Every structure is written in structure tokens, then in C-alpha cells.
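A single chain, nothing else alongside it, follows as C-alpha cells in the form deposited in one PDB entry.
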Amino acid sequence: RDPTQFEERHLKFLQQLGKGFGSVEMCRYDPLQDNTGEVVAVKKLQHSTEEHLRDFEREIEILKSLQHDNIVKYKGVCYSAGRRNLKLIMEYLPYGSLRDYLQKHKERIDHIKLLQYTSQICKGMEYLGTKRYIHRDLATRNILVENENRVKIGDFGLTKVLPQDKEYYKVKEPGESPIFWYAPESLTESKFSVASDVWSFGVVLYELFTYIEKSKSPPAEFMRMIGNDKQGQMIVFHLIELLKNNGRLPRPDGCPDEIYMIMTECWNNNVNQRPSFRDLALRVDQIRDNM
């Protein structure tokens, strides 16, 4: 009677979609048992410790609270008897992650298409910031492709809510951290804000324009600039020194000046000088209009 309530016994596994904490599978919700049910994407924990369950239930409320064309749609939850393990049910977006999709098609996706995706990602992020959420993991691997004309922000597993009276959230004991997408103040002080998401957005724009070429990925390029001999915590030390001296990812081969300019503006050491996602969406739509 309530379609946000999914009974797990009727979720049929179809295939694994990704692993990151969590796993996403494609399932058919098939309560008539005749293979006609809806196909959905299902997120669950690999280690459902009490601490993880708690964070996961907050992630689910975050997603449930977001309604936007460029944010994946929440469908419901599955609850288990007893220990109360949880599965998050979302729409299945059939072209998969933007990182996989662009790696697969490469330059057959032209600049016009790349800037349409850019604009949509900007708009999803602008909307997220109106709720005072900080994504913390904006990367093409977390953006999903609905069809050739539409992408959506597709995972919120590191997303935090800003304190009422602060414009940043400080992470006291960091877990796995995608340091190659992090703003300098996130690396030095574990401070995350709208402005650190904007820094990561400039890294997303870099990914798009390199077409996910492996040798050109943010980890490969930063490791090259700090030296491939650096390891473990020394990578973070040398990355902090590099970014303080204005070491930056290079201009991608073939990248339009106006786009490259946006990236480098997102990567300002001065937090206040980074652009807003409101203004990025305006600028990117003007660029698109110009083309």
C-alpha cells in the first residue's frame, strides 16, 4: 500500500553496479514473481556496524530531502527484522556513472555535450547548497547518466549538514578521503564548505575535459608533480606544499580557454574568492549559448 516500503524478499538481484562502505546493486522489485517488476538500484552497507548504520540512515534522510532534476531520485527503503539493517532504494539510471560513460565514449561526446553535463552538475550542486549540505565527494565517479541529455549527482555517502551557526563542517577523524579532489583547507584543517565543493567541481571539469584519460587523471598528475616516490601520509604533506605554491593540474589538451579559466578560478587558495555555483551555472549557460 505504501510504495516507499519495499519488502526485501521481493528484491531480485540482477547485477552488481559498484562498490565504494557501501555497495549498489541493480535489482528487480518483483512481488508478482513473474519478472515484470520495476528495476531499481539498491544501496546497502558492506559492514553494517552500529556507527555505519547511523551514518547511513542520515544519508538516506539527506537523499529523501532532495528533489531536483539533477539529483538521483529516492524511491524508498528496505528494513530487516531484528538488527534493523537498511537498504536504500533509488531509481536505476541506465547509462551508469559519468566516469565510465565518458571513459567509454571519449571524444565522441563533444564540447557542447560536456558543457550541458557541466551545467547540470552545477545546478544539482547549487540546489544542494540551498539545503546547507556539503557533498565532500564531487567527482565524475559519483555522477550518473540518465540518458544522453541528462546527468544527476548519484551518491551522497560523504555528504554533511552544516552546523546552524557555521559555514563549514570540520571532520575530526577522517575516513577514506579523496585527497586529489580536496581543497587545501580540507587537507590541512579537515574543513568542508560550499567553497571546498566548488574546488572539487573545478576538478570534475578537469576530468570531463581530459575524457578520463588514465595517464591524465588527478591522482596520476598530482603524483607526478609531487614525485611518484612519495607514499602514505607523505603524499598529503607534499600535496599541501604543492597547492600552497600554486601547483595545479594542467590545462587539458584541447580545452577551450573560457573553460580552463573556470577551473583555475575554482582552484583559488583564497576560499572567499572561489565562484558561487549560482554564478558558475550562469557562466556555463552563457558559454553554451555562445556555442
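Positions refer to the first chain, counted from 1. Only the largest set of C-alpha atoms that superpose within 1.5 Å between the two forms is called the rigid core. Compared with the form deposited in another entry:
Annotation: the position in 166, 83, 131, 170 displaced by at least 2 Å at CA between the two forms, with the core superposed, corresponds to 83.
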Contents of the next structure:
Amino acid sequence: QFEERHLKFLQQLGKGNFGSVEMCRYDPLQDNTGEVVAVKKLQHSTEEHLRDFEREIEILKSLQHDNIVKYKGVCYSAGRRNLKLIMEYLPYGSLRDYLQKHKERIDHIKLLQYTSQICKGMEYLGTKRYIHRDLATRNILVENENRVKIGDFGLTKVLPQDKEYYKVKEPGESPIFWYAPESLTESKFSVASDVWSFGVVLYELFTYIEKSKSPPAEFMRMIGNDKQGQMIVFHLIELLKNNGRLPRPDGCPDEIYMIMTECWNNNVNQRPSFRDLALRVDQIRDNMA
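Given the form deposited in one PDB entry, state the structure of the form deposited in another entry.
Left out here are the partners and the other molecules; the chain alone remains.
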């Protein structure tokens, strides 16, 4: 629906796993009344990466929800090379940077508002049998001080119709410090592993992205920064199997940390559902106010 002729590059917002996002202005009338949008593109437009990207575009086009970033369309060069994904532009950036910038103004009730919105988005994903796999505060965008949206689906996979997990081991490597143990061991991704990584997201939120307190920093301090390469993963594995966990962030109430640790259950079936998570978070929020 979008003509590359009319996309005006303004800035690069960020570059991730094989892709980049740019702030552009769609101005077809050339009269500077066009709207600012986000444009996602691939940087090695391989045929693998391109059909992965087309599956991602279909997934996003199929999602409609207040806490999911709005798909707007696609734009492709002459022929079908240089496929680009057009999305709404959220003006406050990732939840990670936003939380780091306004940490003295954002109180715990606000953190829980964000948490509840994240779990409603994730529950919508699950009702569509989608597994996000990559959920992290860097992937959560801020539309304004009262609304956040899950903002990238480059790793989202559709569950097989006959099973509740999806096995995928991708070249290059991903956020091991957000990954469930079964995803480190057997490359199994499921709603429950998304729940584990939501627990890590909640941890993130209550650390306010303090420098010492990132999951990579805490985990590599717990396993020792002396170790190298592949062995990192191995040690992480057993750190998780001896119930080594991320610590309670400073100032976090014990019930929020208990939600965190309950999503960090080694037993995949004993992890809470996103609807129960929203329930508990909304009732804690109600209690605080």
C-alpha cells in the first residue's frame, strides 16, 4: 500500500536480529502532511530471512489489540525485492530506555499498569496460538505514559496444530538470559516459556534498568565472568537447575518477587497462566491504590 518513492528516511531507531527499524515520514502528496511511521527492513535479504519476514508480517497483520503495535502495511521495491514492514510510530521508544529516563517519576503502581498491559497483550497472542519467544523490555514500546505495546514479532512462531510447543534452534544466538531452561536444553518454546520470559521482564521493570542489575549482569556474576563462549550456556543451564535465580530487585515487594519466582518454575506445567498473572497484578494494583 506504501510506495517506496514516498518514504522519507528520518532516522534509524534500532537494529536487531537481521533487521533494522527506521523512523520515516510517509508523504505521498510531497506537501509535508504525511505521517511519521516506523519501517522495518532486513539487512541480508536472503530467501530464508525473507520468508521468515513474510511470516512475521502476516502474524502482525493478524493481531489487533490495544497493547500490540499497529501494522499499517507493506512497501516493496520494483518487483518484490526489498520488502519493508510499515507500522505505527510510537514516540517514546522502548520501555527499557523510557523506564531508565523517567525512573524517579514512575512508581510501582505505574510499573504494575505496564505489567498488566503486557500480560493482556501476551494472552491475546496465546489465544491466537502465537509464541513470542523474544519478550523483553527492549521489545516493548511506549505509546504514552499510560500505554505500552508489544512492538516486535521477529521471533514469533505459530504453534503446530497438534502440539503445545515449537522446537526451533536458530543460527546466531538469542537472549539466553531471558530463556526458559527447557528452551536452553531442548529448544522448546511454548506459552510457558513466554511466561518465564515475562517473569524476567517483570524483574527488568523493577530494576529500573539499573546498570549492575540487568539479567545478563546478574547471571554472569552468578556463574562467574571467568567462563567463555559455549560454556556460558552450559553453566547457566545448571544455575537454573539448582534453582539459582535472579535476585529480588531493590525495593520490590515480596509478592511481586513471588510472581517473578513463580514464573521461574523449572516445571513447565506449574507456571502461572497470563490470565492468572493479570488477575494477581490487577488485584495488587487495586490494593496499592
